[PDB]
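Student: We have chain A already, so just place chain B with the ligands on it with the hints.
There are 2 protein chains.
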Amino acid sequence: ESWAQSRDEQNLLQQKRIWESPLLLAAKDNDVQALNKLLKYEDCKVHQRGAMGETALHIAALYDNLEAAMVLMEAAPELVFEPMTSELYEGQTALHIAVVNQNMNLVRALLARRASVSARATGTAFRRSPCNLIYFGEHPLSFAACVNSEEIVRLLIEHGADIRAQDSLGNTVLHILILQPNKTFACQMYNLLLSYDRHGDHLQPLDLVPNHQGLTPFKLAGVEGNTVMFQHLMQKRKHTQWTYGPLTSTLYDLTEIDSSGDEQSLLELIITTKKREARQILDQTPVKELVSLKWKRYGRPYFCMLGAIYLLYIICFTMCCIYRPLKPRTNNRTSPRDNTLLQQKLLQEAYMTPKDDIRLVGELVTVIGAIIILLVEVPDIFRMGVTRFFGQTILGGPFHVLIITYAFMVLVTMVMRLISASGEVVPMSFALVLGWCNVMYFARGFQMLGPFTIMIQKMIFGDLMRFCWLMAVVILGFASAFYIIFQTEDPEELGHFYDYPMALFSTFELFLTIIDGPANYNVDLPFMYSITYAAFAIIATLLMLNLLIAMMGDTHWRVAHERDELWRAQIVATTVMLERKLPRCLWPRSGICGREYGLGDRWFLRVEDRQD
Amino acid sequence: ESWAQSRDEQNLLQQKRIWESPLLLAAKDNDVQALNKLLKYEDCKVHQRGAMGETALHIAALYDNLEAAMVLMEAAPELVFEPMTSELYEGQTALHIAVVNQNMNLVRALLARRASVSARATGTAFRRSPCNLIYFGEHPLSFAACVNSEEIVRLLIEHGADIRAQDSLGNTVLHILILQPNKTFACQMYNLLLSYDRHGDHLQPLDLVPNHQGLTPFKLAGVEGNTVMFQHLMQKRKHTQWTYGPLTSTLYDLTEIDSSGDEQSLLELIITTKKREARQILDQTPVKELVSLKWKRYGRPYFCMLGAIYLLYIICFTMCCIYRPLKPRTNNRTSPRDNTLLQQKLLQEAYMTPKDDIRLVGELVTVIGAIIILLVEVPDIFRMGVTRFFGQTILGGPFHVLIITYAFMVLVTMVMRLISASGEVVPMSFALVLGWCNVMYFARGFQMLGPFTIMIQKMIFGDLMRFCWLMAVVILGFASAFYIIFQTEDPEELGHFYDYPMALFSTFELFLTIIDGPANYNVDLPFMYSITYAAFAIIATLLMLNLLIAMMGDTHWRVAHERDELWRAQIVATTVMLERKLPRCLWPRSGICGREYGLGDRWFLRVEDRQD
Ligand SMILES: CCCCCCCC/C=C/CCCCCCCC(=O)O[C@@H](COC(=O)CCCCCCCCCCCCCCC)COP(=O)([O-])OCC[N+](C)(C)C
Ligand SMILES: CCCCCCCC/C=C/CCCCCCCC(=O)O[C@@H](COC(=O)CCCCCCCCCCCCCCC)COP(=O)([O-])OCC[N+](C)(C)C
Ligand SMILES: CCCCCCCC/C=C/CCCCCCCC(=O)O[C@@H](COC(=O)CCCCCCCCCCCCCCC)COP(=O)([O-])OCC[N+](C)(C)C
Ligand SMILES: CCCCCCCC/C=C\CCCCCCCC(=O)O[C@@H](COC(=O)CCCCCCCCCCCCCCC)COP(=O)([O-])OCC[N+](C)(C)C
Ligand SMILES: CCCCCCCC/C=C\CCCCCCCC(=O)O[C@@H](COC(=O)CCCCCCCCCCCCCCC)COP(=O)([O-])OCC[N+](C)(C)C
Ligand SMILES: CCCCCCCC/C=C\CCCCCCCC(=O)O[C@@H](COC(=O)CCCCCCCCCCCCCCC)COP(=O)([O-])OCC[N+](C)(C)C
Ligand SMILES: CCCCCCCC/C=C\CCCCCCCC(=O)O[C@@H](COC(=O)CCCCCCCCCCCCCCC)COP(=O)([O-])OCC[N+](C)(C)C
Ligand SMILES: CC(C)CCC[C@@H](C)[C@H]1CC[C@@H]2[C@H]3CC=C4C[C@H](OC(=O)CCC(=O)O)CC[C@]4(C)[C@@H]3CC[C@@]21C
Ligand SMILES: CC(C)CCC[C@@H](C)[C@H]1CC[C@@H]2[C@H]3CC=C4C[C@H](OC(=O)CCC(=O)O)CC[C@]4(C)[C@@H]3CC[C@@]21C
Ligand SMILES: CC(C)CCC[C@@H](C)[C@H]1CC[C@@H]2[C@H]3CC=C4C[C@H](OC(=O)CCC(=O)O)CC[C@]4(C)[C@@H]3CC[C@@]21C
Ligand SMILES: CC(C)CCC[C@@H](C)[C@H]1CC[C@@H]2[C@H]3CC=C4C[C@H](OC(=O)CCC(=O)O)CC[C@]4(C)[C@@H]3CC[C@@]21C
Ligand SMILES: CC(C)CCC[C@@H](C)[C@H]1CC[C@@H]2[C@H]3CC=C4C[C@H](OC(=O)CCC(=O)O)CC[C@]4(C)[C@@H]3CC[C@@]21C
Ligand SMILES: CC(C)CCC[C@@H](C)[C@H]1CC[C@@H]2[C@H]3CC=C4C[C@H](OC(=O)CCC(=O)O)CC[C@]4(C)[C@@H]3CC[C@@]21C
Ligand SMILES: O=c1c(-c2ccc(O)cc2)coc2cc(O)cc(O)c12
Ligand SMILES: O=c1c(-c2ccc(O)cc2)coc2cc(O)cc(O)c12
Ligand SMILES: [Zn+2]
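Line by line, the protein sequences are chains A and B.
Going by UniProt numbering, the first residue of the first sequence is number 67, and it counts up by one from there.
Going by UniProt numbering, the first residue of the second sequence is number 67, and it counts up by one from there.
For reference, chain A alone in the conformation it holds in the complex:
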């Protein structure tokens, strides 16, 4: 916005000041004879500051003018130690520019005059940001690795580059290559930089050194969805046991992958990333066999056991609403439109028989069970929802909004029972619907979990809610029309639209065709009704048929074209929740440990397969 306008004016007044200054211009235009005349005129203003604090060496390096960049050196050798001074390109020297532009003959002549290989481009354009378009690090050795130039990397380290150097984000030169868009070229540069880590006394192998978020180069490849570097780093963690003809028993490490409770694991960090490429890591041969192992053995059976206890809680709540205390009414019927026969009992007369004491036991099971919902989930939606992730699990999305809304409605029914307020049917009727609609979500884990089952259910609900916005204006147009047509008529003969909230609810029902069209045949209806309702019935039929076709066309686009899994991240983030809630004695750790088989303290997973 205001900042994007600021970058654009900054680049235009850069080119404006390179044209209105001759030594900046000849460095750009590679006018080698124009340098000799101006520099012999008593070295005029060789300490230039252009738009981005640039000197004339920065211009000559930027446009790959090797012949013009030489003349600046013998004229004043103090320009090779000069950075750019603006906020956007802060700290960038000429050695950074020639490395990114891959100018071989220039970068030797810079090192020939002792250019610092440990400079730090701290500017706002050299920071990881979606507004920035490249993130190449902060060091010249980091710039050489990202543009894929093997010969510069061998040249820079020879002059003393530090491969252990880190950024302001803590990323070393091996963290940055995982962030690069071309994966295959970054895979060759990874093997190169590890070969120069001879260094057996640095107390840490360099591909274990964490950034300021604690992530290793292994975990960062799992978070950023870099599947090419993930499979490359996994051969460091395999161990082939035997090969019996076509069979092979491979043993995987599972130290930085499986959860230990005290530390965030790779399975959790894929979920909170919310990226589309990070879910491809869940398809990989150590991780894919781990998720299906614990969602077959502990994760799924405990999911169905918690849903069976919730079903007994809602049945116990349902019985207390059916047998709610009611007495015949005390006052007389006011209007002839008053249908009410019964009313609620007061608190003193609610409990005076032994059959009410059986109900009182059931009413206390409900309230105690409603507090437990608040005591375990008011932490959860703070932890889960706004901090890490929301709506990408099974039992997920509008489950946690609704079951919190359930337990709120039960405690409202308790208050209205105590102060003997009228209208407890209103918090109960919400709580029956809210409570039983949550049972449909536990029914989602009774499935074999295909790749396009839960996301299609989530999709169809998403299109129906978009259809309800477009049909609200169609109802409001025709309900207002139907209201003023029958506004001069007698509602004893046709009372579908007798006041305006009823006319709105009738037109909603006629749209879905769940009540019949109004007709009497013993009296003359207005003529404007018949042509309006014939227009309404054609519109409502076509809009309901186009809804079905639009759900078919949107189903095809997300199965055949969007090509996103969604089905492994749902069973991961469900299994993470049940593992933090249950104690350790009910949850054995997946894999098998060492010290009785002699491999360490590490929890290995054996995978046996057939090559064919």
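Fair warning: there could be bad hints in the mix.
For identical chains, the list gives no copy identity; a pair is met inside one copy or between any two copies.
Derived DSBU-like pairs: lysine-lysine, alpha-carbon spacing no greater than 30 Å straight-line [said to hold, decoys possible]: (1) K647 x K341; (2) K647 x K411; (3) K249 x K354; (4) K82 x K341; (5) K249 x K411; (6) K362 x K340; (7) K362 x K341; (8) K362 x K304; (9) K82 x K304; (10) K94 x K302; (11) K354 x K341.
The hints are simulated quantities; they were obtained by calculation from the structure and are not laboratory data.
Tutor: Only chain B with the ligands this time, still in chain A's reference frame:
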């Protein structure tokens, strides 16, 4: 047509008159034995103007006969200066014919005898028309460039042919190459014709010469959807500022692209054309970030401000119709089928209480708001086209008609209130439905409802005008059957078909299954009722299933795959509309004026990308 019938007659009349004359036949069949004999007989009629006014030299050129064409030229050299004189081929010389046929040895012999390279073939088979298979221009350079003849366009320019000659449409040779089906050969011939503009002292260059519609070759590539010539002509408008490794900062021109405020810009021409491949130019590089810049900063805020003001205007109109002046009726009910209790107040009765004065404000808001609709949208719907430019504003413009018909219905209700006419429910009922269905227009300005409203609104008028004719045939056949069956019965029990306009409305409702099938069970219905209604129920089931299968084929399959491109084409069409009507004080001009940066008085767009 008898036009195309008359064309085929003279194509056979041409072949007859050649086959009659021995001179014309020997030119055709390349019988040079007969050529020397017919000249030594007599200097005969070598100006035999046949059916389509041609000579023997034209026939030697049409059938590619080198030896026959030469003998005509030495015997009578005055035939090279002869055009065809009919209506279908007016002005075409023999030089036009040999150039299209690419008989390049004949081109040397014709240019030796100073054949006119500036003759204009102004025939009806040379104008641009959808009934002609060719549109190659009117000039021999225009004919040579479109058949991809590099050797003849080099030959004709050397012999004094004008490159900047125009048709009777203003099209130069550069315009016509854009109108050719082979885009690849059009680009190579385009570069060759600019290389012969070395003698530029003329006020406009060739690529900056408009036709009679004012379009340049760059704009005509935009209108016709020629994306191949569009990207190649955009290289002349670019200006690369710097290159930093994989980064590139390009600076686009935006002179013939952006809305200049006076002349119809390229964004306006692509929206208001009846084509489909022009909509791919909306995804080209300078155009895509231009309209994204306008929509994020000024398009979407202004569209949602107008959307919220319109919604409050319709709620104010709705409450003035709910509280419309009604009083109890004066006279008594005539028949026992009279249901009416109330009627309209008179004008002197309608405003007596202060509750009416609150309605009097909201009725003035409604009337004033309806005049503004007829002053923003009427003085551009006649001054920018009354017929078929009007119709272009209706094809992709179905909410222009709805909001103008709304504004007339509000003003009809005003006049009937002033003259105290009875029947205001008839203009109001149209105005309530047309008022609330225009809210669906503003659904395009949202990501969540954007592509989904495309799928819901799209319906085919080929298979739905088929259904609505086949629905009306079933209704007329079965309501007439249902009428005469119950014509001898008592309508007190079953009154669904008591007179013939009601039987049409009941069978319409039974076809859509929105009222129940008539039944009593306390009385004996006729036997023909059960036979007919069972046949009617199967036919109505059949035609509903025809409508579903028709809505699943070859158009909804395309809209499901193109819903995002169609939604962005609505964003561009809205942004163009809002930029014209809003003043320049609320809409700043897009780009950056390069006046204070030494670039001329132009507005530039700076685009930065990564080339990888
Ligand atoms: C009847 C009308 C009144 C209701 C209006 C309000 C209702 C909401 C309407 C809102 C406006 C209409 C737009 C559609 C809904 C959002 C768009 C969407 O993405 O759809 C999503 C629906 O949502 C889910 O099923 C997943 C859960 C995430 C969202 C949380 C819902 C809020 C809970 C409160 C709910 C109400 C309970 C409140 C009362 C207690 C799914 O779309 P998808 O992308 O195809 O799915 C792929 C999953 N993926 C995204 C992970 C890849
Ligand atoms: C999430 C997907 C769905 C979308 C949600 C919204 C869906 C719609 C939900 C609607 C919920 C209810 C809204 C209106 C309720 C008022 C009724 C009332 O009190 O009537 C009173 C009158 O007063 C009125 O009639 C005021 C209503 C007129 C304007 C309608 C409100 C516009 C909705 C805003 C949003 C729309 C925009 C949404 C689309 C952009 C009493 O009238 P009466 O008893 O008949 O007696 C009158 C006296 N007389 C006899 C002299 C005549
Ligand atoms: C592209 C899709 C759109 C198609 C449009 C179709 C929509 C239909 C448009 C309908 C127009 C609006 C409705 C009014 C029509 C009723 C006329 C009337 O007033 O009846 C009066 C006279 O009764 C008659 O004699 C009428 C007989 C048929 C004439 C009218 C339909 C034309 C038939 C051909 C159709 C042409 C169409 C060609 C094929 C489609 C009074 O009725 P009654 O009191 O019962 O009098 C009976 C007296 N009796 C008791 C002695 C017996
Ligand atoms: C696994 C799931 C799969 C599905 C299987 C489901 C399992 C089986 C499902 C249901 C069991 C079988 C049907 C029950 C019928 C009850 C007997 C009856 O007919 O009514 C009789 C009495 O009954 C009562 O009055 C009940 C009063 C409220 C009881 C609340 C539950 C207490 C449970 C305690 C804790 C539970 C622990 C739960 C938490 C862990 C007759 O009553 P009445 O004379 O007609 O009316 C007057 C009563 N009034 C005076 C109060 C108004
Ligand atoms: C004691 C507490 C329980 C503890 C149990 C401990 C062990 C539990 C362990 C495992 C339990 C489950 C193992 C069953 C075998 C799996 C088959 C399956 O999932 O069906 C199908 C899903 O269809 C469904 O949605 C459910 C089908 C079953 C009906 C309802 C189950 C019980 C509901 C309540 C009744 C009372 C039960 C609760 C009592 C209150 C499979 O679908 P699909 O074939 O893959 O379709 C793919 C098609 N596609 C590829 C095109 C997309
Ligand atoms: C997303 C947004 C949603 C929320 C939006 C709000 C939605 C809901 C809003 C309000 C709810 C509805 C009202 C509540 C019910 C009380 C009724 C009442 O007492 O009113 C009384 C007066 O009222 C009228 O006469 C009608 C009002 C005139 C239309 C609006 C005028 C305001 C103009 C300003 C325009 C501002 C700018 C406009 C735009 C540029 C009716 O009393 P009565 O006794 O029945 O009258 C009968 C008298 N008679 C018999 C002689 C006829
Ligand atoms: C009557 C009362 C109505 C309600 C009150 C109105 C509100 C106040 C009144 C007027 C002010 C209107 C908004 C002006 C300022 C906001 C503009 C803006 O900056 O864009 C913002 C959003 O913008 C929106 O989402 C607009 C939502 C407001 C409601 C639109 C009203 C029209 C609805 C009626 C017709 C339609 C329904 C049709 C139904 C068939 C930015 O866009 P973004 O997507 O957030 O960016 C991505 C976010 N990210 C960068 C972090 C990733
Ligand atoms: C004034 C009226 C409209 C009441 C407003 C409440 C409803 C808008 C919401 C509240 C929670 C309900 C939900 C409760 C649970 C269901 C199951 C559903 O998830 C499923 O298991 C079915 C699979 C699928 O989503 O397609 C998602 C929402 C739904 C239909 C409901 C949608 C609508 C309901 C009635
Ligand atoms: C599903 C598509 C076709 C429409 C989606 C719109 C719904 C989200 C809304 C708007 C229309 C409905 C409303 C229609 C009118 C009624 C009036 C109702 O108040 C009364 O019934 C009073 C009746 C009386 O006074 O006689 C409150 C909300 C309700 C059920 C509805 C609440 C929600 C509904 C389902
Ligand atoms: C009181 C009663 C008699 C009012 C009757 C309402 C009709 C006069 C209007 C109001 C809303 C409708 C319109 C709303 C929008 C559509 C778009 C449609 O197709 C298009 O123009 C392009 C497709 C698209 O919408 O994107 C043509 C007319 C149609 C069905 C409608 C034509 C007529 C309808 C039924
Ligand atoms: C006196 C008794 C009958 C009280 C009711 C039983 C409760 C002790 C249990 C069983 C049903 C409840 C559960 C209902 C559902 C949730 C989700 C949870 O599953 C997940 O964490 C995954 C959610 C997701 O992946 O989106 C399992 C337990 C929890 C919080 C609840 C924990 C405790 C509750 C209140
Ligand atoms: C007393 C005052 C405050 C009442 C408010 C008046 C507005 C409700 C109306 C008057 C005329 C305007 C409208 C004039 C025309 C346009 C375009 C739009 O219809 C189209 O022409 C686009 C249709 C298409 O391109 O397909 C509908 C509403 C809009 C933005 C305007 C919406 C709001 C406006 C300001
Ligand atoms: C292309 C679209 C418009 C659909 C094509 C079908 C409609 C043109 C026709 C088919 C039969 C219907 C008609 C059938 C009979 C009725 C009689 C009605 O006259 C009356 O007086 C009502 C009956 C009575 O009160 O006696 C006015 C027209 C109506 C609703 C209908 C008008 C339009 C309908 C939907
Ligand atoms: O059930 C249907 C049918 C349907 C299904 C089977 C038939 O034999 C006929 C219609 C058509 O459109 C719908 C459209 C809808 O929006 C919802 C539906 O349930 C249906
Ligand atoms: O035509 C469809 C569609 C379909 C897809 C996208 C659309 O826009 C419309 C229909 C989906 O599933 C089918 C499934 C079928 O067995 C047969 C079909 O013809 C279809
Ligand atoms: Zn497809």
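Student: Could you tell me which of the numbered hints above are not met by this structure, giving the numbers in increasing order?
Tutor: As far as the earlier hints go, 2, 4, 5 are violated by this structure, in ascending order.
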